[PDB]
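Coming up is one lone chain in structure tokens, specifically the form solved without this ligand.
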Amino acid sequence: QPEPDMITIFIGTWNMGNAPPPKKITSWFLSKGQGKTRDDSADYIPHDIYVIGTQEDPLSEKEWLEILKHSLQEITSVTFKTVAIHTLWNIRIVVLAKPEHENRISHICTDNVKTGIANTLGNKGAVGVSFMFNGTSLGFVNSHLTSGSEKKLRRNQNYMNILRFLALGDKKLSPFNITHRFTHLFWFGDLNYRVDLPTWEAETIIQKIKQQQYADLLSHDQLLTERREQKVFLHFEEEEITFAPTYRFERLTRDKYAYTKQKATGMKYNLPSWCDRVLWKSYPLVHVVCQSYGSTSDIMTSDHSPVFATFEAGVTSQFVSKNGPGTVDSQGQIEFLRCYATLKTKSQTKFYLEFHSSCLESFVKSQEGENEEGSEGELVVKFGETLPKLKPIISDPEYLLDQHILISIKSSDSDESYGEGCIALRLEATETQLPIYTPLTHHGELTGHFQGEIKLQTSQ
């Protein structure tokens, strides 16, 4: 029975509005409704992994797991295994997988982050799950961010707190936050970003939605504009939105948007918005293809519609050789030539690098670089040909070309990371000097760049 090199992943996000679901929710898992929908010919094909994020979820874990498992068994005739379930308040994440994957899944982690302080601490935040699927690390975040059209900067702050403090994946990757710990990271939820148009334009917006003309609405979507201005979700992807706004509906129909201010809303308007989203970030040159992104039309118990997204995701096998794991493969090496970091910092400490990868027995510390002043004010840290030769555990090119090197640049004075990035070993050539590049981030914000050349020696 061969190990897969691709799997499909279902991501669902649904703000349930504190109401129990209707009896049938299969359209959600089938990716049927509005937007980029799944072909009918695939309906009986199970996804490998189903990740379900809810917000305002009124159910117990047991109650929701029974509904989800029943739903999937009715669609696929497969009894899914529960990988993980984690709840913070009324924010929940469930991960289900086909039974054949039970012995491919390991290192399961869960965590939550509570956002805000005092007044603003007690219902918003995030839950997450991570695990290994054979040689591939997968992370999943379900966040419920701050509500309200005039709180976009609070949402951006909520995002940065969640990616700083959510403790998932390999704790040995100590310089790295969740935006660097996984081959594939999916981040979804009621992100609560709104269409920023005047209140007076509510009926005009509704008109546009009825005509399926989303362009003049999407150009005002706060998440798209904040992402274009590099305020949030830097280096994440989102499929094009081709479904109507998923909030705020009158319950028990989808015929009406309920936008007007009420005591129940704190006298706030809720103009139709794409609150409910799925984004992802995968390591460079790993296969990831969105195959659906849409909303259901037939699940109407909440003031939000459920959102679905599905992905093809490249995965690798748990590689064994005669040598590694448990020794090096002297036939393998990674060399960095002519490397330098450009940093936005005003500080003047010496810096060193750390190289982290599951292709190394443990992380590698460089010598300090040589600081120069850049033309336009910047700090340039030169490593030249000084970087330590990296010794992978396995030299087979079928393994090594699929790996990645995480890089942290750290202050000699504080040992704190000033920037983190990732280099793919999926090179055009081996035994050949080739350009490499990553942006560097810290707390998910841009802090610099790392560029140079690589020379990769494999057993071939």
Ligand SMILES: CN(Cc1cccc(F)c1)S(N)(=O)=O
Second form
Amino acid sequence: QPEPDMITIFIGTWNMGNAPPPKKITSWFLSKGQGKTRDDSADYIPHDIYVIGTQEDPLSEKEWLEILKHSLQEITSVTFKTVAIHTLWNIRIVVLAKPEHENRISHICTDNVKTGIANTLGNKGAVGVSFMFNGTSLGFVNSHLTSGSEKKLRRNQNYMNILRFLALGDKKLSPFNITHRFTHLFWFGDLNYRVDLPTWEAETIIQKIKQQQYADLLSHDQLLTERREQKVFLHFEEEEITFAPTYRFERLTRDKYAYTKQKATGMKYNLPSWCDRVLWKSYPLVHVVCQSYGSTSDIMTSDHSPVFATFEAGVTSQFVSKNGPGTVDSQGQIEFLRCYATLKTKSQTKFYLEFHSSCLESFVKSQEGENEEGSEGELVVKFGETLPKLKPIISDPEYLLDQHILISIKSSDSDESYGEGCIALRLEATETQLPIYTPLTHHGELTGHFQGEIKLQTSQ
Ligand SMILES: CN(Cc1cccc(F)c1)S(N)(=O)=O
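Having seen the form solved without this ligand, the form solved in complex with this ligand:
Next comes the full complex, this chain leading.
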């Protein structure tokens, strides 16, 4: 039975509005409704992994698991295994997998982050799950961010707190947050970004939605505009939105948007908005293709419609050779030439690099670089030809060209990371000097760049 080189992943996000679901929710898991929808000919084909994020979920874990498992069994005739379930208040994540995958999955982690302070601590935050699927690390975050059209900055703050403090994946990757720990990271939820147009334009917006003319609305979507100004979700992707806004509906129909201010809304308008989103970030040159992104039309218990996204995602096998794991394979090496970091920091300390990768027995510390002043004010840290030669555990190119090297640039004075990035070993050539590049981030904000050349030796 061969190990897969691809799997499909279903991501669902639904703010349930504190109401039980209707008796049938299969349209959600089938990616049917509005937007980029799944072909009917695929309906019986199970996804490999289903990740369900809910917000304002009134159900017990048991109650929701029974609904989810029975739904998938009706669609696929497969009884899915429960990988993980984690709930913070009314924010929940469930991971289900085909039974054939049970012994491909390991290192299952769950965590949560509560956002805000005092007033603003008590119902917003995130839950997440991570695990290994054979040689591939997968992370999943379901976040319910701060509500309200005039709180985009708070949402951006909520995002940074979640990616700093959610403790998922390999704890040995100590300098790296969740935005660097996974081959594929999926972040979804009620992100609560709104269409920023005047209140007086509410009926105009509704008109535009009835015409399926989303362009002038999406140009005011706060998540798109904040992401274009590099304020949030830097280096994440989102599929084009081709479905109507998923909030705020009158319950038990989808014919009416309920946008007017009410005591129940704290006298706030809720103009139609794309609150409910799915984004991802995968390591460079790993296969990931969005195959659906849309909303259901037939699930109407909530003031939100469910959102679905499906993905093809490249995966690798748990590689064994006669040498590694448990030793190095002297036929393999990774060399770095003419490397330098450019940092935005105003500080003057010495810097060194750490190289982290599951192709190494453990992480590698470099010598300190040489600081110079850049022509436009910047700190340039030069490593020249001084970087250590990295000794991978396995030299086979079928393994090594699929791996990645995480880089942290750290202060010698404090040992704190000033920037993190990732280099793919999926090179155009081996035994050949080739350009490499990564942006560097810290707390998910841009802090610099790392560039240079790589020379990869494999057993071929
Ligand atoms: C048996 N584990 C993985 C798993 C647990 C539950 C459901 C699964 F589909 C897979 S393990 N290797 O101990 O983490």
